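Number of protein chains: 2
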Amino acid sequence: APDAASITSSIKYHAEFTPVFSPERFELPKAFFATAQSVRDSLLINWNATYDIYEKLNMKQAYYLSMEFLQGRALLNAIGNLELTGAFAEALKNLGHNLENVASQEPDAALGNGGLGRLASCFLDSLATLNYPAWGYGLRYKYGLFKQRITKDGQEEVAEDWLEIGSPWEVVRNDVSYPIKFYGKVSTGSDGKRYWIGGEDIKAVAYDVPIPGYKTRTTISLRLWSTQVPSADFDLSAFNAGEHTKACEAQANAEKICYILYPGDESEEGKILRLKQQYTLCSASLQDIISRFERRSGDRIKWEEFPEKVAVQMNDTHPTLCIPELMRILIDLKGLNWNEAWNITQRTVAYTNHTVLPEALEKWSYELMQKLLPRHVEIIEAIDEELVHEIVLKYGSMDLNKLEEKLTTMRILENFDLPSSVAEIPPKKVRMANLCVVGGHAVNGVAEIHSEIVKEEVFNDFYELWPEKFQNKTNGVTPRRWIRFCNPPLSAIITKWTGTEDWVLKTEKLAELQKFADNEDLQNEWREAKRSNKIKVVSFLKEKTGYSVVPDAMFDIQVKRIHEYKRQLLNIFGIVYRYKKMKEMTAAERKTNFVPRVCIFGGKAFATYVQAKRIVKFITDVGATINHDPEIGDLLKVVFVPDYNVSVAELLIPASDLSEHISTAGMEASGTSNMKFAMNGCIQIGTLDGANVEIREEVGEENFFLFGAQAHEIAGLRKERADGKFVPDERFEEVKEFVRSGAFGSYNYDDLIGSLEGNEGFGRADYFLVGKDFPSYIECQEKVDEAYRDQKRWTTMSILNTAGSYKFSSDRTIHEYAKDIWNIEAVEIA
Amino acid sequence: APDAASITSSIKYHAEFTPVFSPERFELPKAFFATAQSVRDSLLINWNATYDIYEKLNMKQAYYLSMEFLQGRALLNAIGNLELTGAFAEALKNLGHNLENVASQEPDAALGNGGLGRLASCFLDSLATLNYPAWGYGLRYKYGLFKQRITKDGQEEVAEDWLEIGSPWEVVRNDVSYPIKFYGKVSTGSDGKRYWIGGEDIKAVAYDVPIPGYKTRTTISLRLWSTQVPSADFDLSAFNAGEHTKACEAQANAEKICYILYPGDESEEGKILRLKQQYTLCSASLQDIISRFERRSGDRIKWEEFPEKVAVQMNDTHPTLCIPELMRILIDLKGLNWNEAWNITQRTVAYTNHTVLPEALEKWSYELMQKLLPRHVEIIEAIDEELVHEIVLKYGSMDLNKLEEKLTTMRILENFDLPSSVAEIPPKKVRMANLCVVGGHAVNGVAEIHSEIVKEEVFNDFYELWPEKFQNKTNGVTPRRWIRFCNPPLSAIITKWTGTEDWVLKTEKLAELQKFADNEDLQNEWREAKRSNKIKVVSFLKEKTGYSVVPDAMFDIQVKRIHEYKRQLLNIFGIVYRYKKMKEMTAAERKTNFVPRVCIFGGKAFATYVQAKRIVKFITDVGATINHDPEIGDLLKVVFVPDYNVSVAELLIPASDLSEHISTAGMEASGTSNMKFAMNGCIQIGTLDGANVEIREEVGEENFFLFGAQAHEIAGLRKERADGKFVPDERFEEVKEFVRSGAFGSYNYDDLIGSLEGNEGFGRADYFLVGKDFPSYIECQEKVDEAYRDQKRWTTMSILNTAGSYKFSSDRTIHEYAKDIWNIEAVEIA
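Order-wise, the sequence lines are chains W and D. Numbers 73 to 496, 561 to 966, taken from UniProt numbering, label the letters of the first sequence in order. Numbers 73 to 496, 561 to 966, taken from UniProt numbering, label the letters of the second sequence in order.
These aren't lab readings, by the way, just hints derived from the structure by calculation. Keep in mind that the hints are not guaranteed to be accurate.
Stated by the list, open to error - Simulated pairs of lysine-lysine, BS3-like, Cα-Cα distance not exceeding 25 Å:
1. W/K406 / W/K128
2. W/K84 / D/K84
3. W/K328 / D/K165
4. D/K128 / W/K84
5. W/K275 / D/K328
6. D/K328 / W/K328
7. D/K275 / W/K318
8. D/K672 / D/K165
9. D/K328 / W/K318
10. W/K128 / D/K84
11. D/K275 / W/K328
12. D/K318 / W/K343
13. W/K605 / W/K478
Only chain W is shown next, with the shape it has when bound in the complex:
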């Protein structure tokens, strides 16, 4: 039970005796490392305790596979969950530092990109807090995706430095390395088994990141794979020769698998790298899982017990190769027979779907996949046949015309021949999505409506064939990271008013705030807290954007991936309109119609996506103009926060008044940031999509600004534009014109406005219905502006957003996956 003085000793040791800097003085970077190593000392104890019980008990374990994890900063949650935030703060006090300054030294772990990763992370927090035996598997990416600079010219991208010094959190396990093979060829032995030989050979080495549960000892693992090759493979002959580049090739080719996340896949080179990434994750992970299976199994090792001991969850279609790979292992290596293996596979593997549109789902060149993972392609053709035969088995051959339809939809191989078939240069592809539906026992969506969409549109025929497969698992975020730790003031209020502090665990108690949403004491507290958080942000904003804003404005935040479909363009247009109106007013006329705002944008544009990058450039200029216009002062500010990541979100979210979730209706599957915002009392303006629907429902429609056409309406509305039956609002034109006037400086925005004009053509014709939804939007913003004036109302809406949150705790989501998909029971780590 370590106290502050003990921890002081702890920090001092690691500072001197496990050092990574010169001995002189205790600067901040040194202090961080020492603190982190110190914390890890504890994580390792519990990691071991857990690891041991899991080995000895040999219960069923679950394995979450994801290409991305968005872990962000570890320090505060680690000490938080351990319940030592007090002792550590004190310990750093005596060492002449303060906790928040130390903690802000730590880079965000750049292991993920979007909500896909952040889901995975939250899940691990829950999995561990709830004592459920489960691990994550992922790649250990060196340079993340990219770090975002915002420059005069817009967005520039640069490689993440997170590992420049190295991560004090991770643990290398040198004795955990597996062989991964690419390319090469297959043959048959005289035992009649298949042999996959030749190609390229590389290792995959495990790195463990401990994940401590909240108020428990259960400490699980995010095990990350780093690809490499033994030093022997360095070609001394070539190097001494003079061909330095050439000598390195072997190792360069192996390590690049782990360099960056979603590498550019325009090139054939990129696509291959992608496959190599995917395969590496699956192969390495499965090998490790199986190894552990056997190990725990002693002598009485039975392969029919496998699915009762192991569950693999494929987070989206990237870990698709788990299905063929596990077959391969169970057949070629463990020497079971096909049905045995396939039954084991299906009862192990489950699929989680994340996409609404059947084209977001990934497809691979037959030629290319077959050339890289030849033994897999075999196993895939096999399953494609078996499937074809079972489609034929049901339905019958009476309909012919309809059976022809069902094959072309449901078949894993696209543009292939059937094997034997009554029938009386289009490229050959592999539909990974289809493969995932076939090989898994479960296919889940991530939100009521989305799960419905997979059942009834995306995987239509499949649902008819095997309904018992399809499910929903509505997404969530951990209340640990997203309330308890990121928002200390709100936490204090919540604890006060709900009586206990159990709400961090038993998050339903948030609902008890309901009764008090009028209470004017609680409102006064709540506003003090929300202000206090904004104060911090003002400082941040200065340091990062160079812009001094006032805390006494509405914080109007849209932070997410800078895409046309997310319609940053909409929000900023709305902002443009507000500004134009302001400029054509008297000074106290301005005051009257507009509440003071700070409109906060953040998020990353795909490096190569010319429009998205133009959008970012626009927002910065709009800002530049508005912020330095003296006619506007503090009535409106526009900032673009550079390099939005977990840590940024941990800072903006607690301090937000309004969050924008304004995608073209129906196009989002779930969302997670909305859940996070709601939890902190932020009110949401948005369209009816994803979990906007479910949040709105649960917080109450009176505490959520809704606007714009709904999902159903979209088909028709494009139709309309294409027929020339759309009439733009004249306020919409007013903006477009105003931009064209060179109003935001001398950068030319012709091309940008171009995407919003015409009735056809790939980039033209406002396909994302910004002009359409624009009236309802600015209209809805009026309502907002008004509700902000009625502070007693606004504060109730706030409080109720929080009180509605509890169902979006990832604890709930994990309890569900655990009981309705994996089937694992909580293991106590005494």
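Could you slot chain D onto chain W? The hints should help.
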């Protein structure tokens, strides 16, 4: 004052809480790391204590710069010098390991190649043991030079794996990184100073290896540089594009500087890499030294005090660039004037020469050096002028004919114009050797005769000009590593007979063994010890060479770089003759004429040197034949030990009866292995060269087998061969014929014997006088064979070799450098 139980705790912590392997079980690799980290815990204490006193006292510090350090294994010497070998052995006992098994897990640190490096290492041991404030600077090479496999085909080379897991000994100092610049161009500012801009920019990051003194706290540093480039330089644009190779280029180009040691320099590519290595060492090191100077200097920072506070020692001509670089810094950066700077430079920098022949000394393409380090080339031309003018100043212009001679010899630029000169496409080069003689206050050789040779041949005119420069500093080896630790049995005897244990420090007490060299008790001990060591080797030999040898033979060892001039060819020829004779004898005729031998060869052949590699292949075959010939049994064994390195030498040397040092007379500068052997009571057969001369003198000519033509005689003897006035012995032909007979199997040795035939031609005509010296050699071996029969004699020769050693302690050598070159006084670390 840590005891065994404390150390047990220590090992257990580092095992669990600073781990590098899975938690399960305490295997040997895990045990090593934990022990090493444990040891380092202590090294770091003393490293800091030292570092601190050195900062506070601000006395003069010395900096030894070498391209190679041959540190070998650290564990046993670390615990040895700390005096904890007892506690650690016990601690590992309780953890269920034994010390020697643990210690044999540790790779040799692959930071050096030959004696040049091993000198440097020994020096550090002394420097630290003697409390002299001094550090080493070197590059941190990833893959060493190469690891040697011995295969059926001979020698194969492969990249060193020493860092695959990483080194538990080293300490990264992230806040110690310096800029290194290559290429680019120079200009003049309006301040009239020179500006070197553009080119390539890379970092150099310090890694510290603590070096603990014996029975002291003085723990100094071997600071190693690793070259890299910030992550920002990774080209995301290129990577996502698809040109993976291209994106990496920046970082690949920077890191390769530290990949391997003496990279192949056939190519222009290789030569540039070499220069980059050299420069990196000098620049990084000087920057660090100066930084520390300034830091200690506070306010009263005076650049005329510099040489009184700093001495740089250039180990051979590689760190030559220190001279121009230090000028550059003192001028362009610190803004002194030329004379001020040049005076500071000279009074700082000293040269150590290692070569006998004026062509072993390195020369650089003007074009290439000027293109890479343009600002240096300037400074070099400057010095070349100043020199030219001072040559002219003395001597006068009266002789013309002779002044013309003195310029072409002494000038740093080869094939250049004089500036103003009375005179009434040969490539342009820079003579680094000359530059070193000019810029330094000292030029030393490494052995009496060698130092003489530099004075009177190599740097002839220079000596006349500045005699006060030239010196000698006879080489040495540390009695810590080379007696006290590597030979525990001999150590026990030595302590017994010399009364104290002070002989590890006060190594002159070895001479007291003299009086007892007859004493038959001491002989009995001595032989038991030497046998005990051989026992270990028998085991080793089996495991590595696959050959079971008997301990009850003479151990006849030639371990050094496999070159024609070292004449491995001679020894093996001698071996061939012995074998032929044996085969033409009766069984007890064999017994009568030949003592049982195990002839041990080891050492590395330059990868590309076709003859050297053929030689190695020969020795293995000779072995193969002799070892499995049942007519020979245990009378003769020939083994080639693969991958000779410090650790191997620590094992063979204690167990040796006779060591071979049989270079073509006069060609060696010093040698160190001979010193090591002598110390362990090994008797030496050798030619009169290097320190063979000085060892022979000191142990006594009656305890050293000498043979073959002397230095003076060599010129004449080549002359003779070239005139066709050489007559080969018919025993020499007997061997050649015997080989040609296909006697050693079916590999063809025509080309090999070829080098030994003819009177001219580059590879032909036995230029190394193997045939010449062959009679005296085999003759001398007879004497040996005989003296081995007279065990009382043999054991006295042994004992006296040890008693003669004391003067070859590197303590002596360092005391001398310290007082007669650097001028530093012992600093007590209370």
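We went through each hint and held it up to the structure:
1. W/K406 / W/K128: holds, 24 Å
2. W/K84 / D/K84: holds, 19 Å
3. W/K328 / D/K165: violated, 44 Å
4. D/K128 / W/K84: Holds - the C-alpha atoms of W/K84 and D/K128 are around 23 Å apart, at most 25 Å.
5. W/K275 / D/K328: holds, 22 Å
6. D/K328 / W/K328: This hinted pair holds, its Cα atoms lying about 17 Å apart.
7. D/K275 / W/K318: With Cα atoms ~24 Å apart, D/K275 and W/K318 stay inside 25 Å; holds.
8. D/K672 / D/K165: holds, 21 Å
9. D/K328 / W/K318: The hint holds at about 12 Å.
10. W/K128 / D/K84: Given that 25 Å is the threshold and the Cα spacing comes to 23 Å, the pair holds.
11. D/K275 / W/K328: holds, 22 Å
12. D/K318 / W/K343: holds, 17 Å
13. W/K605 / W/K478: Status holds; Cα separation ~18 Å.
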